[PDB]
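Just the one chain here, the form solved without its partner chain, laid out as structure tokens.
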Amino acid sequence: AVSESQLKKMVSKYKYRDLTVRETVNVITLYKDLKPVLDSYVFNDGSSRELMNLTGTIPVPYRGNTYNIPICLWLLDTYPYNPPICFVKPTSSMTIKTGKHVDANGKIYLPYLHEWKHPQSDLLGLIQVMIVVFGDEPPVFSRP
């Protein structure tokens, strides 16, 4: 994976670095296709900041098969006290299936994010929710 020393260096400007690093470790230890990456987040204001996101796939059972659903979770620099900004990340070969929990840009909406409160709310709990919702209604299509 990535080490915690590397994670601590990557999120060095975060307000709650040890908590963010611990939750990230737990996620990438469990979901080995999620990778931590530093990238520029384009805010609504127009400003931009360098934030860590978790990007990759999570395993989702759907009607007799397990699908690798591509996602992106952005951690704000006040993580874990504000929720991540979450997207499904379809490849060039994929479409986004919109619905109650997913808009046309791939942004995800869930009661868990709206209701987010630390420490009862965390990235592992969130991913469990995504696995249930996407298991009911896959947010990405790839064939007719």
Contents of the next structure:
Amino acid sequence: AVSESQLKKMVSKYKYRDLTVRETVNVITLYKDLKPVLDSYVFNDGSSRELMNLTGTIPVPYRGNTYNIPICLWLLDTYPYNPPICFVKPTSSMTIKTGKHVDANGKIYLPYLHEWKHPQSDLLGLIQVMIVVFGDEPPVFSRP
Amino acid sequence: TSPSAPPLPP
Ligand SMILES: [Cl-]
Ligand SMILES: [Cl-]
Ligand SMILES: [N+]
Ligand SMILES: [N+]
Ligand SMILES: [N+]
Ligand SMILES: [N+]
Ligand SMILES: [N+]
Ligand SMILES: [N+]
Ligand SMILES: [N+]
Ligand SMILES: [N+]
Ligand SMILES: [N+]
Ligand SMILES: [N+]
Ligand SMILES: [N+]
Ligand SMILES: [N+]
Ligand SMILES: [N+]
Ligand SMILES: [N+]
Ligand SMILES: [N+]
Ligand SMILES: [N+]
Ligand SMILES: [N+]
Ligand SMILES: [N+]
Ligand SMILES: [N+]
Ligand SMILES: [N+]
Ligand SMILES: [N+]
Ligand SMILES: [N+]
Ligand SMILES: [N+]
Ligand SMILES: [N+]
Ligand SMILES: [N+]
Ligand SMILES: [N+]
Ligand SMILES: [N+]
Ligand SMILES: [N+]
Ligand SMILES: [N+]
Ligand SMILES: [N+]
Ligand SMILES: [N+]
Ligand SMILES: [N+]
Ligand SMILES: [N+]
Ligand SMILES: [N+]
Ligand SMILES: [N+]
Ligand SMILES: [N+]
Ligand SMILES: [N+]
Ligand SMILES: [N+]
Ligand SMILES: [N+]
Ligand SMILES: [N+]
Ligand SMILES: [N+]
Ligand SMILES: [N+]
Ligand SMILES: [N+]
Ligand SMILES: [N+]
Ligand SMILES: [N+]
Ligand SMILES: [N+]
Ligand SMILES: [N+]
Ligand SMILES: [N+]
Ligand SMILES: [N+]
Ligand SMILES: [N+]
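Having gone through the form solved without its partner chain, I am curious about the other one (the form deposited with its partner chain bound); can you provide its structure?
So here's everything in the complex, that chain up top.
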């Protein structure tokens, strides 16, 4: 979706650029509908930082169909030593399905994130558990 | 492609 050189420039203010670029490429080379975006992230306390996120869709199997489920994964400037902050991003034609892994704001909660530790944990492994969990219980539904 | 999701039951 963007070149390795442009990705490196996007994360110029990151503390661990080579590690963040490598883990990001490892996902966007396989998941072509995820794109790195530089945007202003608002922390829960109202402070903000310009961060790279992955925005787009991941393919999720459900009842023999495959959905392009919209997500946003924010990388903190300490990536990969702290987990990404992850959201389901419903379109105007979707609603969030809440449960133990998804709140009404679309924030994702997983053991993978709670137990995050570099280098056991990585961005590709997070996408893989997200696809397994959402295939069991899709986190968004379209209009009836 | 475009975002998609299973239709909510009515
Ligand atoms: Cl929209
Ligand atoms: Cl909603
Ligand atoms: N990764
Ligand atoms: N993708
Ligand atoms: N892909
Ligand atoms: N961007
Ligand atoms: N705030
Ligand atoms: N998205
Ligand atoms: N998306
Ligand atoms: N997708
Ligand atoms: N699939
Ligand atoms: N399924
Ligand atoms: N599934
Ligand atoms: N389905
Ligand atoms: N499918
Ligand atoms: N988000
Ligand atoms: N950060
Ligand atoms: N962590
Ligand atoms: N985090
Ligand atoms: N992070
Ligand atoms: N999250
Ligand atoms: N959204
Ligand atoms: N989005
Ligand atoms: N979205
Ligand atoms: N959930
Ligand atoms: N759910
Ligand atoms: N939230
Ligand atoms: N969301
Ligand atoms: N979590
Ligand atoms: N979380
Ligand atoms: N899980
Ligand atoms: N879980
Ligand atoms: N998990
Ligand atoms: N993890
Ligand atoms: N996990
Ligand atoms: N884990
Ligand atoms: N392992
Ligand atoms: N799945
Ligand atoms: N699954
Ligand atoms: N499943
Ligand atoms: N399922
Ligand atoms: N779930
Ligand atoms: N859910
Ligand atoms: N879910
Ligand atoms: N829809
Ligand atoms: N729909
Ligand atoms: N819906
Ligand atoms: N429906
Ligand atoms: N859809
Ligand atoms: N369903
Ligand atoms: N349905
Ligand atoms: N229904």
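Residue numbers count along the first chain shown, from 1. Definition used throughout: the rigid core is the maximal C-alpha set that superposes within 1.5 Å between two forms.
**Student:** Once both forms share the same rigid core frame, by what distance in Å has the CA of residue 48 shifted between these two forms?
**Tutor:** Superposing on the rigid core gives a C-alpha shift of 1.1 Å for residue 48.
**Student:** On a rigid core superposition, how far has the CA of residue 18 moved between these two forms, in Å, if you could check?
**Tutor:** Displacement of the alpha carbon, after core fit: 0.4 Å.
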